[PDB]
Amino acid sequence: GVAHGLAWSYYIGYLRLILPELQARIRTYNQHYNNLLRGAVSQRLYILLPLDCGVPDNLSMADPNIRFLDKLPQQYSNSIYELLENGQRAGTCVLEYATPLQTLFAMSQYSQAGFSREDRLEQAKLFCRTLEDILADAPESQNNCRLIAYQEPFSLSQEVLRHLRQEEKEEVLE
């Protein structure tokens, strides 16, 4: 399955490289988002993994409750989103799509690949599990990346908020 190489390439070529400085980049931004308004950005990188492999070309968040707030400054392109409930801010995080799913989607439309929609879903799930396994075995790169994988029959904003609130619960325990 292609998912093994996709997961390793994404980790080795992207996640391994941004994650070390991410906590410092967010902590530095929180030295301003605190005094300006009163929120705080979560410290983990949240990666959206829609198992139907639907990734918007412009990489934006369609959900009106996932609202672009700011670009995160350098220490490349990482966006901070506000998660809304009833039009009010309920959380703030760095959020982006797992771009290797775009490759899986394109393979499923490339008939010479012999790669069906059923094959695509299996590889998307295997990509999630492989990347989760890599991240769990990783050093500092590990502890600050969370995969949000989902299948649709659903509120994406509520699913991200579930993860953010669980991150806070774990924070206040030791």
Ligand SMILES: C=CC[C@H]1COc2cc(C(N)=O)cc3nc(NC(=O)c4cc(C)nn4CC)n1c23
The other form holds:
2 protein chains.
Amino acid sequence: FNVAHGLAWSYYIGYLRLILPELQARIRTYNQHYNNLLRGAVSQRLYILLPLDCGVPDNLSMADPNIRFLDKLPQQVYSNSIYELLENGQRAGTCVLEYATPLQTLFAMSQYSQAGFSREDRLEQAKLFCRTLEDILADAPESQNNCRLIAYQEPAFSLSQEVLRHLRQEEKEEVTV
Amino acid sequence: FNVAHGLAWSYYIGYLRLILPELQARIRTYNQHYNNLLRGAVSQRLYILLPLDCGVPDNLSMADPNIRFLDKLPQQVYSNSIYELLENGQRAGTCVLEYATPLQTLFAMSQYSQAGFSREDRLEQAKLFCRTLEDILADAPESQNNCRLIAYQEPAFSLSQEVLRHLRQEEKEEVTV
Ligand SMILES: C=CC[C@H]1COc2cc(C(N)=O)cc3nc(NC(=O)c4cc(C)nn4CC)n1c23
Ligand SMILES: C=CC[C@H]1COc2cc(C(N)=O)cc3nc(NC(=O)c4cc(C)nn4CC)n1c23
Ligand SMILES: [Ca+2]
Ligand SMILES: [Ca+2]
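Having seen the form solved without the named molecule, I'd like the form solved in complex with the named molecule now, please.
Whole complex next, starting from this chain.
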């Protein structure tokens, strides 16, 4: 009994597979402007945050003040937000970012006593979710190429620096291959 | 590997558990009017349709012309629709009705070739979903008492008559206990 299996398949089939194809176009269009305006470029991939502690805040800035909402991505109804990543008060990147909502379900199950679902169980299933979703996106037609999973365990950490590491690696890959 | 486990837990934790508590109040309020007006009474339970063939139409009337949209249930934002059930053109009942959306995910997986998910697999998981969701609602605090699962296999059938059978049984139970 592993709720993570079905959560990952549902998150892909009922959301990712539907949004990613429109996403690529929406981002190119936005980038025409963003370029001419802020001489910036928004990454073409959806960045999905996977905190293994299953903590999804109501606003990204609360999880890290260097992640600041910039703009909503326009439609060609799906809502998506562009964020800027700061270093020393200066802009270091911009991207479409959001948390994997299924993890909220895992968190809630660990607080629902009838479930018998411990924090240990929650962490094990959060990792299994990440692994399963990765497998799915690896086999998926083009859709996978439109996003990147960012899974991280916080110690007992700079989320913005983690996102920037991926964004800089993505740019490196783009120009080299 | 059973996606039905996680689908049922997600459907409960991320939708049912959140809507049912408001539901009871919304329905009582509506029933004040519906009574004074059409001398009718809307059942206090959410009826969830579970076609085992995982066929979810865009409109109920297309699945059965004797199921006719009557009104949207008001808010105390969650959208819910009240339907009337017809017999010989005459109204035989009214209730809040909707399909279990997770089944759409099962249908889509059976059409997604990379999944290796056959129709046999789809039916097995649709039944497992129904059984798991039933177990959850049986152990759930009060929430279960606000809805009823209607699972049915169509031959190779009157959906409105199936819903009415449940509505009439619910009324019988209400007055006797
Ligand atoms: C029922 C339809 C909701 C779908 C489609 O519309 C959506 C729009 C936006 C947006 N940013 O505007 C986000 C979003 N997120 C989900 N759904 C899951 O995240 C999810 C988690 C699990 C587990 N399974 N699912 C798919 C049902 N949806 C959506
Ligand atoms: C992401 C948030 C969407 C939530 C909350 O808002 C909703 C409102 C209405 C309405 N009638 O107005 C229907 C509905 N249906 C789902 N969600 C699933 O049906 C579902 C299937 C599986 C599997 N897991 N989930 C929960 C995410 N939601 C909602
Ligand atoms: Ca955290
Ligand atoms: Ca059918």
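For the two forms, the rigid core is made up of the largest set of C-alpha atoms that agree within 1.5 Å on superposition. Positions refer to the first chain, counted from 1. Shifts are known only where both forms have a C-alpha.
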Answer among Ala113, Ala136, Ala106, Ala62 for the CA shift between these two forms that reaches 2 Å or more, rigid core superposed: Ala62
Rigid-core-fitted C-alpha displacement of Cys145 between these two forms (angstrom): 1.0
Mobile segments between these two forms [3+ consecutive residues, each C-alpha shifted 2 angstroms or more, core superposed]: 57 to 62
